[PDB]
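Below, in structure tokens: the form deposited without adenosine-5'-triphosphate, a single chain.
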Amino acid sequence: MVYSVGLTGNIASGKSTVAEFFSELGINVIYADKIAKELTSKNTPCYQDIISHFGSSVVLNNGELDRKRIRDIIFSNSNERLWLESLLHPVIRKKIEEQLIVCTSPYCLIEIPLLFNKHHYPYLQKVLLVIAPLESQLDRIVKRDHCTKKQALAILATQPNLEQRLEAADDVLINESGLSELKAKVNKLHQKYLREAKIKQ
């Protein structure tokens, strides 16, 4: 229906910044993560199933979901990552399709998770994977998490291997030198996607 580019990134890759640069070029960006939060708002069906599944530990005093805790669980327990992805996939897909129907840009960017199920995103024309070198990731993680460098390395040490996702990706944006070059790279990708969407039916 619409020429769609999947946006993925490893840890502390700079990918939300990449999304913003695409946004600022007039491209419609669909944020699957934002949709997931929406559809796990207080007393939504998925919110209820999540709390019943994981139990009271993932409910803050707020009655809001403990999203930090859930991320920790999802990252360390693959069976739970898959369970949660299976739960949310049907509702998230319906929201994505709504936004695609009203897409006003020449192509669309869909921000999706690093280890996204392809069977759930078979309609993507392209996949873009944003990565940052180890040093850059640590700096980003220490500043965001306020943690020790050795804890950041330990966090990076446990990330999923990218070999398979690097192979599959049509384009890999190495974010290795500041915001200005990042913007320049996004610009060239933008022109590439415009070109390919123009000649693709």
Given for the second form:
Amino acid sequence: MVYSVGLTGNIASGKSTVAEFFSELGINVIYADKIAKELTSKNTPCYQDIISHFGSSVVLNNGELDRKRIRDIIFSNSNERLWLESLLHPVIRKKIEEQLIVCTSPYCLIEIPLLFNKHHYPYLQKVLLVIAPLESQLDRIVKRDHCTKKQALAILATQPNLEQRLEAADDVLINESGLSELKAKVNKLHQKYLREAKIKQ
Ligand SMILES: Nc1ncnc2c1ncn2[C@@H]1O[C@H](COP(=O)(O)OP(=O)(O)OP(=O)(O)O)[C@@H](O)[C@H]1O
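I've shown you the form deposited without adenosine-5'-triphosphate. Could you give me the structure of the form deposited with adenosine-5'-triphosphate bound?
After this comes the whole thing, all chains and molecules, with the earlier chain placed first.
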């Protein structure tokens, strides 16, 4: 079916902005992470399973999931990242496939996690990995987390090793100047995706 490009990024790399730029070019962007929040709404099955599995600590008083706490758990505990990915993957897949059927752009962009299981995303034509320099990440994390540079630096020391994902990506968008250069690179990628979608079946 539809020519699809998976969008990934390391933390504070700018990938959301990248998605916005593709969107502005008329490209339908599917956000796996938004789907995930949707499908873990109050009293969905996944919501119940997450809470029963992790227990009451991940339930805020207003009954929504403690998504921050669940991230902390999941980034520190790989077995749990996998449990969670495997719980949600079936329902996420289905919601993605629906959106792919009614996709109106020449290709689709699908924002997926940095360490995505290809086997859950076998349908991708390309993988785009966005990355930003350490400095940039640090400046970004500090504005967003309001932490020391040393904490940001600690936050990043924990970041997953990229070298395997780098090798896997078909394109790597190095987000290392300003928004303006970022846009220009997205246009070049866009033109690349149009050309390949045009000539590949
Ligand atoms: N190259 C850049 N120069 C200046 N500002 C930028 C640049 N890239 C992104 N920004 C700004 O950084 C902010 C962070 O947005 P961003 O797209 O980083 O989210 P993100 O990296 O996808 O978040 P996450 O940490 O969940 O991956 C935005 O205000 C954006 O405009």
